[PDB]
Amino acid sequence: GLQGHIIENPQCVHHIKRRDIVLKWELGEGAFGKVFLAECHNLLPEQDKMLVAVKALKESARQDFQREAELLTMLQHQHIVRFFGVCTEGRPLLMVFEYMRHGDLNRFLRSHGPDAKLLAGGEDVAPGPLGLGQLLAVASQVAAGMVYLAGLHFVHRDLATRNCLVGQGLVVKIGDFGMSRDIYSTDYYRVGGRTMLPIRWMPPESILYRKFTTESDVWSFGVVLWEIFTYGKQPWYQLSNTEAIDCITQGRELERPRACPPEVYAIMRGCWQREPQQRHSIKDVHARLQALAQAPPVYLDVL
């Protein structure tokens, strides 16, 4: 079905009473519904009242909602956005997620870019552009989520920074509320009717043959690594959608970002081997990123 829609995977759901959810205000909006900030009571022992993100269904839908809830409940990992469960008592149908204070990683990258000064600094992040060690910590975390999805044989098909969230202490997790085509329409190619393909993130076998695997996700992860080291720039931004299809199917690679050490660009190139079976595993890409994120400053300073 839709690239990046969890029910594209063919592999218990917690219920929350409507009275325990108090909507505060809207956070975002798309064709399939809205996301609110809400207070959720009686959800976690430590917290009598905590903030959550609530996704309200705009309403087939109820059967898609049921299979989404099943698959979200099955995902339990430090770098997948936490799903608390559903409110099916009347309407609208609600899904309850942890609140990720910094929003999506593309927005977070662009607001800590090469132009950032003292004012960009805050609780969680230093002033000025994100440093090598912070960029590596972001990439490591997204890779760890992708290790977990690969271990469960899930394929994402729309992995991009816009589809990752950033929380307190710069925790980064894979997740979205199904509105990236509404909020970031320029990141998709419209192919008639309603279909919208994230071509700039897709390998040749996906664009040419419509094949999607663990190995096409690793390609997409390579593109995520490029977005991180460009502070959120669009891949192929100088190109039209058809120009980008021509570049990707002809074997052109994204150029080393200014902020990317050769060792890291080598990790991006391992994700971009033309032949899927020749790309490095997500386990290996994650081991190499984690090692660099955790490396002492004396080592990172000469990278």
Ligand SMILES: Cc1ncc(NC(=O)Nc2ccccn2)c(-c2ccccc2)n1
Contents of the next structure:
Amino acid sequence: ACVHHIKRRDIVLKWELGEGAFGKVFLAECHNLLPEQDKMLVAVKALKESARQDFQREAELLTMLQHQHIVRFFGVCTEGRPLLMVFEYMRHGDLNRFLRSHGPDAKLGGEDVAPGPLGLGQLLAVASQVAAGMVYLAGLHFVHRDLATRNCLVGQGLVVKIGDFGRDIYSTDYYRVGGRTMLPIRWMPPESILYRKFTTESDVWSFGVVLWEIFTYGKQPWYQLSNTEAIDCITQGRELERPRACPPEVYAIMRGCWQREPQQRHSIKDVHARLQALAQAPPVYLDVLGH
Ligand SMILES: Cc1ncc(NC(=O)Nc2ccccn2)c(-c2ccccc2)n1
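Here we have the form deposited without the named molecule; I need the corresponding form solved in complex with the named molecule.
First the chain shown before, then all remaining chains and molecules of the complex.
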């Protein structure tokens, strides 16, 4: 257990940010966490609570996964109750709400983003960041299982990072099975729905769905269908349409994440190289991509 610890006197709760079942998230002030910083803002998760052993293995797993496009984990506070998990605070909240509030369906302030809906270059910078995080996880042979824009965070400078939360204003993004167990069906490949198989290969299908969410400005995949109607066409080989804001070159990336045969799909190292090239592309080349 190389899990970093924090003393409860070093954490000062300000107010709530989010809530769930196995938690509730607070914005807090943390002292002596990072040198030269003195005091910094963090997101503190107070746990529900015998799942202390479940919490410990989860803490050990979050310590292991530390990268530039993975939501930073600082440590736990085991001294007293409730048990606390400390993470980095992300000014813009989750990627889904960020997309919806910077979309054509938004009513209105410009420090990190220009007026109006996010541009093609911004949307691609957002997609390449999520891909870079998936390259690291696939590299470590880690299978996410819940890759969606509602599980990504956006920080100062439009830095996008991957996490895994519990949500609850995103209940329609899940299909309730055994009165407790939930599935993000709309984000799952046929092998996961039909055979209950989840691998690195299935994560690229999910990233492909994330790519479609980015370009639809956070709209739900298969929104026009119910959960069973969604399972039918996912298992029957039906693909999501090209988003209005999506150029054909990018739709070619999504389609390649959606090759039914898992082994016939492009690697995440590939998808990332194709997205990084488009994000780092000059405006002249990108203006040609936009029609
Ligand atoms: C309004 C708003 N700002 C920031 C947020 N979170 C973070 O800055 N970090 C973080 C880290 C780990 C787990 C959850 N959140 C959240 C939020 C709250 C609950 C769950 C999802 C996101 N919401």
